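> The residues making up each chain are set out below.
2 protein chains.
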Amino acid sequence: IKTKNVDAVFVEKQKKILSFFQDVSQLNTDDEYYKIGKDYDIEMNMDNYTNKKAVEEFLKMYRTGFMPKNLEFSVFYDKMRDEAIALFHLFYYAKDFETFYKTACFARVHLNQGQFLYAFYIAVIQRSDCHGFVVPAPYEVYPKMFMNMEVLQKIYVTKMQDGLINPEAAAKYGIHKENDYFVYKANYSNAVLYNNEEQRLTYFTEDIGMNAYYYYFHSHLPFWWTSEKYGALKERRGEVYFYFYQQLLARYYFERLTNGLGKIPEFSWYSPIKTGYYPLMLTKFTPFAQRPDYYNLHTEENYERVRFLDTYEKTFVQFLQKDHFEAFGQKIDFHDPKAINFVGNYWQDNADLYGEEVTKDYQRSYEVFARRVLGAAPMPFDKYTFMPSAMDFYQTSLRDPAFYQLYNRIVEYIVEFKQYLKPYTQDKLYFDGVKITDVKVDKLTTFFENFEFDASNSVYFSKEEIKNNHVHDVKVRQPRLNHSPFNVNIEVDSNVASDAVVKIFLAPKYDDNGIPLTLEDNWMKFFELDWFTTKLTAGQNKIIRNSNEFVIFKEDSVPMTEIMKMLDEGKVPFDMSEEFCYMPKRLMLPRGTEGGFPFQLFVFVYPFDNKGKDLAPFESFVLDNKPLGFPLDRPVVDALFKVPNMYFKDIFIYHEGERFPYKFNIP
Amino acid sequence: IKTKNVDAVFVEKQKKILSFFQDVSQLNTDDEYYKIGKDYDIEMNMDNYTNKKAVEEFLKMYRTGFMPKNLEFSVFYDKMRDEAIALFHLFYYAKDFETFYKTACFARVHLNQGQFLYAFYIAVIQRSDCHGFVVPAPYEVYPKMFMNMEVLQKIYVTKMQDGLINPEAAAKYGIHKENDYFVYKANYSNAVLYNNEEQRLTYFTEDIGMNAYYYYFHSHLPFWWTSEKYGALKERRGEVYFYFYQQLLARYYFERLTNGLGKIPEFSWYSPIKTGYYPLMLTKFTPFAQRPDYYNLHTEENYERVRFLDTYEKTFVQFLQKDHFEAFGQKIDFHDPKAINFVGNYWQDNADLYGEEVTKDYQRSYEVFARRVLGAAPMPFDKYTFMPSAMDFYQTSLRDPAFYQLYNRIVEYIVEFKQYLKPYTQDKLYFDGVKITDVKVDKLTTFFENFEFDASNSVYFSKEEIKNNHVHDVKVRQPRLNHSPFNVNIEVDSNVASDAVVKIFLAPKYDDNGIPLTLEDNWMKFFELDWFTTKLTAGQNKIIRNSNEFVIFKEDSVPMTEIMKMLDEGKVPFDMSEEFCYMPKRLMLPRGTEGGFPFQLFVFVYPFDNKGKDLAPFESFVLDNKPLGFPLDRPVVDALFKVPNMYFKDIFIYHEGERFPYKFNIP
Ligand code: NA
Ligand code: NA
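Chains B and B' supply the protein sequences, listed in that same order. A prime marks a further copy of an entry chain. Here the authors' numbering is used: the first residue of the first sequence is 9, the next is one more, and so on. Here the authors' numbering is used: the first residue of the second sequence is 9, the next is one more, and so on.
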């Protein structure tokens, strides 16, 4: 739908990129990438990389040996990570497109496909020549990680059988051929297993968009890499960390509310953890590890891990006990809101915490080991051989209740810091002579709709079938949440011509007992929907803002084949070219109820720095230096806070149509 | 066997020394030491001590009162320790031999014998005039701590009875008279009790040599005393600590392997500990404390102790979290391998950790309290009255599985530091133009053989019997492990005349599942056998090294009576005069199996600093400043490591003869 135009030169480059996301598990020896790949000599091309040191390091490490082709790559393990990072450096410091391309061809040919794709996807994102380029949605690149094993197996069965043996029989199982695609209907995990109440939320926690979303978040801004590239953004890194989780968690909490599930559970490393996770997914070697209910974190195997983790926390508790201290070669003062940077970087243990370009093995990650122990897997066999859990991958992390429980813990500690900050005062927040006299919102209505994604990358083909470009294409379809578009009409009385910023937040109305929600202690349950600017004339004004224009969300990724068609028309998708790392639009609202679950909308209008000139979106945010999530980035005091340029509207989220996703999947 | 010659002046002094290790529990009032002892006045002789402050402190403390004669001294308790240290200062700062001697005479006469012997043994070792002198093996001085109570009681019975009542009946019990010695055959603890699998290792963990060995290690270099005396060695103290345990533990792990017992168990102070220890030993007041299986460390009595211990560890975890920090008035950087000193001193909490000559009560020992809580004894009655456990003494410490579990924990934390160090590079380790083309090793064969030790010091005599120099002498005999001597023939191709160092390590082949062992993660399971130097000529060379010449081990101590005979022949034992603090030779190999348990030998040849001059052993090590355990003192990367001057030979440890020690002790 929303597109953008592109010259034949961009087209050739884009198709070259996408060729690496096409048949990922296998090698076409006839194909151009293979000829290039097989014999390409990095050493002879040394002067075609910006950074000799990087390439040397790569050749060293590579001649030493990388991970093998049959294993499962995860970034959370040292040696694999380092291999990946070196490969990435290689892609990144390539002189030009051509060399980068030749470098990929090599790596595709010579290396573990998981490692390669991790590296490449990030390089494409992070390279400056490649800004403007497009990467396929992660569920197409790694489809095996966006579906339960039931479906995956059905796919393999159908392929072994070279088609359906009894079409009518297959239809009972949600399998049918549609033109030259085989289509699998896919149920969420709780259609087959309801082990605890968390399964109530599967349509969210398993939603291929939510998971892809987290995968983008990491890809844009990996914990091991410095934010150097982004210049000024670097000094805000910590801020972005906290914001991302605090937002995600708020959105998650909304889902919880509408399923009658309340606040996110706390755990202790010295105690068993009540909430299990039974992953219904596997790998060519092993199944993902399961965590039974009341799994005891404190066993022989974890004793040392727990020590480390306990210390990592106690250390931050000590920071909170002083207000000003020296850590990691910086001098920190918790009265300073800019210290959020340090705090965010502390918890993520990222490159910017130290002054470095990449993290080092001895700089041990709290998140890595939290994930590792929460994951409940047995100890890895060797460095390349471990039992995967959902927290070994960004594609799968959102699937485990424990994920939210972990980041909840971290975020909470970060707000323990936020308490140091002076609450915004009356006269910091006032917009003199402007008043929001009314807010009116359209119908807020959620629903489910079937969605298909191309899952072909999961299918293995034959020597003979590959040269024949024989087609066995696979689509997986499942109900995914969506909502109807809606308008927010804001009526404001500006005394005077002024330029304003309008901000829109969604928040809960009551807690799960009907206690109405007070800002004083519920400010962090506010989810930001929109940020925009408006000319405000004297007298009466009215802004109309449509949920499609909301800046914080994106449209669904277009499939590769569709992107591929658009390229022949000098076209490319807009949203995928620029706006990929945002939350998908359909998920903005939690699942409402047939009778209208109560939330509230917080509209806030405040003075914009004129510019004296015309305005464009991206730099317009950077010109006003308000902290992310303003004015709800720190504790509020209700009475000191409320003001005429604020408005709170009680709203109701309805749901229409079929309420349970499995009803779509009925034979 | 290996002896050395000595003038009549040394002889008189040596016999004077040994007279204090002769009848230790009783006083001969007719004897010369007593006459001297009883009336000797320290105050009047004040000007015969180097250090007035020391002697004053002694007289103060002594007039206050020392520990009583009937109790059991341990160095791990404050007040007793301080008394000991003061006594030691007195012995140490004596002007000359004569005064030192007069000082001992006094202390023997006036003080607790345990305290006295602890003090004296160390003073003899540490005094410069006394270098060259010889101390009896600890199992002769403290025989009660090198045998189970069954045997001790048999000794007392036979003495009360003034001999054997029915020789034939006694023979059933492993008791018989042999000339004028009464001989007791002694079984290891598991012949009478197999409470858990650790009992499989008793022939090692109870071996009187291994235990004596640890006792020497402490005596040479007590945690409470500065390494000032040893000059340059002081800056290496921490290094020696880690090395000693890391070596001992490796040797221990070997024993584990050949008994099918695997890796050393981890514990938690907040959890019960699975491995019990049932000491079969006692004291004139009480039995040693027992730790049942699944003994809970976390009870009211230990709550505070655990806090302290937990903190002591968390503190080091924090050091690891920074790489560079200030602690104990030093600035530490963990990228610097010399920081090992600080690290070793941190864990031992020794005098050199602070800048001091002796430790102070307020400088609370991690090892002391770890020992105390692991020991499972109830809380001491008063300062001189406690229930002993095997970890209250260096003579007994090796007997408890918990000992290895403790030092394992510590060592592991220290290798967590070792990860900071940059792995030796290809060109640090290469020996250009030299190549080990072959290694061939003789038959590696272990066996048991009966060993006797004079245990007479455990026998109480009569007023009448003492003046009559009536003889009731006691020998304890038990099978102890040994092995056949063997040659390592190393074939090397030196391009050129060079001087080299050869090093020999013993290491495991597989883990307990048959996974072959990779240096990357098994470097710390390498046990160093030999360090020597060789002229290497151009063309083909071959070094032949015999296990007797291996520098790291020693021959068995000669008994006092035998030493006593040698003195009448202007002779003294060589090994006991210089080489006492080394591991006994017989234990170098773990117990093999009748069919050949697999290990491997690592030979490594590297360039020696010419000297331009002739070479002697002790300073030849100090001229090349390679860290202890080079090249295996830090993590290795297999591929970066291997080199032509290295060689790895698969080897097999056979065992011959009777496999179980109890079969020697059969009536
Ligand atoms: Na939590
Ligand atoms: Na341990």
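Keep in mind that the hints were calculated from the coordinates and are not lab data. Don't take each hint at face value.
[Stated by the list, open to error] Not close to chain B: a few residues of chain B', all C-beta gaps over 12 Å, as computed:
(1) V200
(2) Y428
(3) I552
(4) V645
(5) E664
[What the hints assert, rightly or not] So, partial list: chain B residues that the calculated Cβ filter (under 8 Å) puts toward chain B':
(6) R313
(7) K322
(8) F324
[Unchecked claim] Here are some chain B residues the structure puts well away from chain B'; computed CB gaps all over 10 Å:
(9) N53
(10) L257
(11) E460
(12) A647
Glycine included, C-beta positions come from ideal geometry on N, C-alpha and C.
> For this structure, which hints from the list above don't hold up?
The structure breaks hints 2, 4, 6 and 8; every other hint is satisfied.
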